[PDB]
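If you want the building blocks of each chain, they are given just below.
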Amino acid sequence: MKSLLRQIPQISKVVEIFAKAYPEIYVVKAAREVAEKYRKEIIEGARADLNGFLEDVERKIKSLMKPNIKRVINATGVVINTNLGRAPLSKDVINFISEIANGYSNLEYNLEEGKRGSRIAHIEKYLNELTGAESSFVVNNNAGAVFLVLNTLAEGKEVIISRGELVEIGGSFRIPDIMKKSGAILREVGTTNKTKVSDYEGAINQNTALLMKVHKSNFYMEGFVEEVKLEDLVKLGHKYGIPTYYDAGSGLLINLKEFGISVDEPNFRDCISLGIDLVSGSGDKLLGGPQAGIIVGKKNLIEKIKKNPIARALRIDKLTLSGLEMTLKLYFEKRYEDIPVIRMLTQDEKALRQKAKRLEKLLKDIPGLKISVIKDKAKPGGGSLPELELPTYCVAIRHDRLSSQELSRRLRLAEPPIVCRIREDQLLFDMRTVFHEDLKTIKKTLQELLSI
Amino acid sequence: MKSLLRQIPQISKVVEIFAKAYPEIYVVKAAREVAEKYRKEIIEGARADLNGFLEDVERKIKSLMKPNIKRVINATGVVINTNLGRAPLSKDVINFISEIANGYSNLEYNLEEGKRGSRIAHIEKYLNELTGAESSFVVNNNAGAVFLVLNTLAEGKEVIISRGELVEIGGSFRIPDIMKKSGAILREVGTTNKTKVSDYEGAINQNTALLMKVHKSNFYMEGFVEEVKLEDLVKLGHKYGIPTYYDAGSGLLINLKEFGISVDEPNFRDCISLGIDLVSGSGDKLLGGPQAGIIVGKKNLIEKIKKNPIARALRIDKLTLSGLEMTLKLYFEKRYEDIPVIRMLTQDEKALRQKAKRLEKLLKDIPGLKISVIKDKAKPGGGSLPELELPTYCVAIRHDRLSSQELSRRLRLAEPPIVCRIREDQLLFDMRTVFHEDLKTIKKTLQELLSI
Amino acid sequence: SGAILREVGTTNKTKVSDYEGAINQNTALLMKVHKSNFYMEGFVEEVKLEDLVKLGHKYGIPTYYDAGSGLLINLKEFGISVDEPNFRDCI
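Chains as they are written, first to last, in the numbering used here: chain Y, 1 to 452; chain X, 1001 to 1452; chain G, 2001 to 2091.
To be clear, the hints were calculated from the coordinates, so they are not data collected in a lab. Treat the hints with caution; some may be incorrect.
[Unchecked claim] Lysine-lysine pairs mimicking DSSO-like chemistry, simulated, CA-CA at most 27 Å apart:
#, chain 1, residue 1, chain 2, residue 2
1, X, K1066, Y, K334
2, X, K1091, Y, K70
3, Y, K66, X, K1091
4, X, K1329, Y, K60
5, X, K1002, Y, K334
6, X, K1329, Y, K62
7, Y, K379, X, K1115
8, Y, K157, X, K1020
9, X, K1329, Y, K66
10, Y, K443, X, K1115
11, Y, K299, X, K1334
12, X, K1379, Y, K66
13, Y, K307, G, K2015
14, G, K2058, X, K1196
15, X, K1062, Y, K334
16, Y, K91, X, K1299
17, Y, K125, X, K1299
18, X, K1062, Y, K329
19, Y, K66, X, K1115
20, X, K1002, X, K1062
21, X, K1304, Y, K181
22, X, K1180, Y, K181
23, Y, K216, Y, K229
24, Y, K180, X, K1002
25, Y, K37, X, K1125
26, Y, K306, G, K2015
27, Y, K307, X, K1013
28, Y, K115, X, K1334
29, X, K1020, Y, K125
30, X, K1091, Y, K125
31, G, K2035, Y, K307
[Claimed, not checked] Derived CB-CB ranges, DEER-like:
#, chain 1, residue 1, chain 2, residue 2, range
32, Y, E448, X, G1241, 54 to 60 Å
33, Y, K444, X, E1231, 57 to 63 Å
34, G, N2024, X, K1157, 26 to 32 Å
35, G, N2024, X, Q1010, 46 to 52 Å
36, X, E1424, G, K2054, 48 to 54 Å
37, G, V2016, X, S1063, 34 to 40 Å
38, G, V2016, X, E1231, 37 to 43 Å
We treat Cβ as the ideally placed atom computed from N, Cα and C, and that holds for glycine.
Could you build the full structure based on these sequences and the hints that come with them?
This is how it looks when you write it as structure tokens:
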């Protein structure tokens, strides 16, 4: 059998077979990858033929020459899709970022005095105005925002939190596991479904340095359920002289009812003007900006957090920083519709159907396509609004030759790739998340798969 | 005195004064800011006039309509300028980032299996190939990269490090201050200027969980100075069964001598092929990419670091991740000249003068300009190569009317702003860091400051 | 020597805060050594001598300078411009 492997050609040989076919570098890489897959499949004795080799090597090349990370047409109708890269960016923003990165900038440089300056200084001016807090700060992500406030104000001392708010958001984030590593001592009060104020006030003592509440962003509880009002926690804190820290998570920058969507989702300005001492949240969620941990609250506290030697390991990069400023600039100018996440959720019901049938008009001709437009109620928010359920128009399709399952599979392999919902062997396309310029790309993808 | 303030107009009044002059939003903001500066200056009794008010309010508006962060033309000749935003990005990269941010992407989504996937998985393939390490990982920045390795492998246990390598890079970073917060116990061996191998081997014991060495990136010592060779530390580790962790900091991905520049700066591939168990470094230094903490080494260690609940608070954002992959793609394709930092330092001496005099040809006409081109020896590397001194052509200038000091100041106030060196009342412009499309922007700035 | 060593600051940089921060009940001496046979360039900060004296007189702690070079007089008076410390001036 040491003859069923001697066969396999030489990398020198295959690079020849692709003279100008493909770059020499990409050829050798695909040959190696392929050369190893045949040595093992032959060593375990699972291959008797090698003809697949030639065809495969070229497939690796065609594959290995395209970027891993690629824009993806989201048809699921979930605005904050943790998996697809959360909040996408308006071009306005992406260009301001493009420019600052193109060359040098006054990142850590104050042009006034001609000496180094804090990079966190450019933005904070925007934050304190929009929220109303005394001072602000920003780090890598909210995950770290939590960890920093804990290690800053409660290392070695106790922090009270409701047993119903010890969440697991994401694959590796868990309030209980992080806070541990945070150095803070965890004192869990109340019970899963219910927690009164007595529960909080009961566990206070000499060690209690913090009263923390987390917002159940990626889940919710119904049935017999009780929660401790925010006004009450503030009252409790100012009674014993204990600080209050709210991890909003959603990072909703403004009141949401002002846009027609009626929900209780909390927001910075409102929670700050409520009496909370500190508040944090992700920027790539309900804020609609790049990944960023945002913290706002009392000056005395912000100063304490900034000075922590760990803040330097969380300090934001040049990209998200600038990109954050232009997203913040848009918020001051009330340019709401310019921020993707905002526009997608506040879209006119009329507006949705309008795009639902403009796509159906582009697929009537494609062979074997059963096209219909259905009005369905989905839950837009993926990583920030769990309970929200809003109506949206899906253009459900079905081909006679291929099945809905196999259909989603090839669409995710397309270039560009398309990810969509599946419900009872009927592929669905939520228009809540689909951009206009994709409609033309949707039709050309479908016609290249069912006609090839 | 309560009448020297009643005077000041009403925000309703000023908004009027700027009907279509400027957006009402920006007008009120500047009026408020201005209204406050006059109430305090009159309360402390430092202002008797209010005429400056109208002129100023309009200046805030002109200013406030302009974002705080702004691109700046670096003429200092320092490629890794910690202050000006370190390594700038090639347009090839800026566009790939631009694309992935415009919409949704497969960030945390594996298109193959159609279920969530690790976003760190896209890149790692590149790293292990370039470095030769068993596994890799990346976080916010190198500051955190250190922090994470320490809390992951030496929380509560001792880490040996040379007393000459306990650096303070940046304004808030200090190996001793962070390692403390890291939970690791610090065991400093040797002396400032000298440290033999005996010093390392002498402090080992039951608690010694790590042998760590830091590269003196932003400083250097000459005179009687001794250091412990890297081969020795690896030998020492493998004798007692202790891991070795190198914080290169510079993040040099490849051998530097291959490009004509003779320096001993360490690099991943070589450091790893040396026997080092772990190695870290910033992406925005000698790598030339976006800010990122990079770690490569043994698989069993990488897995230990990843599982750390803190890794989630350091995990990189969508912007730097993508931008990092395209910068890594460039390295595989041997596209060295495409990454700014690399091109600027390896430019032909010939190359530099060629741009030195093409600028002097643009300023001969401007009034009062004393233009001369000198060949000076400066130090290109700011945050990664302290000792390097390379020759470069500066176009030293001098006007009869204004002084060099006043000169630098107006230049930083220009749009775009230009930052340059000062030496003996003579302004200088190192061409090592100047982009060609700036030369035209330089001339248009100068003629607009001297003739207006 | 029998003395307990309290090292402050970092290799390349050391501000005054570092000195004043480690003082306590046992702190009997504030000592500074002159880097005679080596030097550091790049990002490097040092605590001025006037500051250390001020710091000592505030807490009532003695100041001890190991010049090492043993330069008895100002060096600039001979044409050579260097910052090397000397007894008369340091005292």
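Verification of the hints:
1. X/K1066 / Y/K334: Holds, at roughly 16 Å.
2. X/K1091 / Y/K70: Holds: X/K1091 and Y/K70 sit about 17 Å apart, inside 27 Å.
3. Y/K66 / X/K1091: holds (18 Å)
4. X/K1329 / Y/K60: Cα-Cα ~16 Å, so holds.
5. X/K1002 / Y/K334: Distance ~37 Å between X/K1002 and Y/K334 Cα, so the pair is violated.
6. X/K1329 / Y/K62: holds (15 Å)
7. Y/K379 / X/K1115: holds (19 Å)
8. Y/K157 / X/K1020: violated (57 Å)
9. X/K1329 / Y/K66: holds (10 Å)
10. Y/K443 / X/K1115: holds (25 Å)
11. Y/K299 / X/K1334: Between Y/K299 and X/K1334 the Cα gap is close to 49 Å, so the pair fails against 27 Å, i.e. violated.
12. X/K1379 / Y/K66: Violated, at roughly 39 Å.
13. Y/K307 / G/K2015: holds (16 Å)
14. G/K2058 / X/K1196: violated (39 Å)
15. X/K1062 / Y/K334: holds (19 Å)
16. Y/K91 / X/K1299: violated (40 Å)
17. Y/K125 / X/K1299: Judged against 27 Å, a Cα distance of about 44 Å means the pair is violated.
18. X/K1062 / Y/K329: Distance ~15 Å between X/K1062 and Y/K329 Cα, so the pair holds.
19. Y/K66 / X/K1115: Measuring from Cα to Cα gives roughly 21 Å; hence the hint holds.
20. X/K1002 / X/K1062: With Cα atoms ~31 Å apart, X/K1002 and X/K1062 exceed 27 Å; violated.
21. X/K1304 / Y/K181: holds (15 Å)
22. X/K1180 / Y/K181: Cα-Cα ~14 Å, so holds.
23. Y/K216 / Y/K229: Answer holds: Y/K216 to Y/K229 is near 14 Å, not above 27 Å.
24. Y/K180 / X/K1002: violated (57 Å)
25. Y/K37 / X/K1125: holds (17 Å)
26. Y/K306 / G/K2015: With Cα atoms ~19 Å apart, Y/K306 and G/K2015 stay inside 27 Å; holds.
27. Y/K307 / X/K1013: violated (43 Å)
28. Y/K115 / X/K1334: violated (37 Å)
29. X/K1020 / Y/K125: holds (26 Å)
30. X/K1091 / Y/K125: Roughly 30 Å between the alpha carbons, so the hint for X/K1091 and Y/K125 is violated.
31. G/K2035 / Y/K307: Not OK: G/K2035 and Y/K307 at ~31 Å, beyond 27 Å, violated.
32. Y/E448 / X/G1241: 54 to 60 Å: holds (58 Å)
33. Y/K444 / X/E1231: 57 to 63 Å: holds (58 Å)
34. G/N2024 / X/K1157: 26 to 32 Å: holds (27 Å)
35. G/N2024 / X/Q1010: 46 to 52 Å: Since G/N2024 and X/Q1010 have Cβ atoms about 58 Å apart, the given range 46 to 52 Å is violated.
36. X/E1424 / G/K2054: 48 to 54 Å: Violated, since X/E1424 and G/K2054 (Cβ atoms, about 34 Å apart) do not stay within the stated range.
37. G/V2016 / X/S1063: 34 to 40 Å: holds (37 Å)
38. G/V2016 / X/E1231: 37 to 43 Å: holds (40 Å)
Hints 5, 8, 11, 12, 14, 16, 17, 20, 24, 27, 28, 30, 31, 35 and 36 from the earlier list are contradicted by this structure; the remaining hints agree with it.
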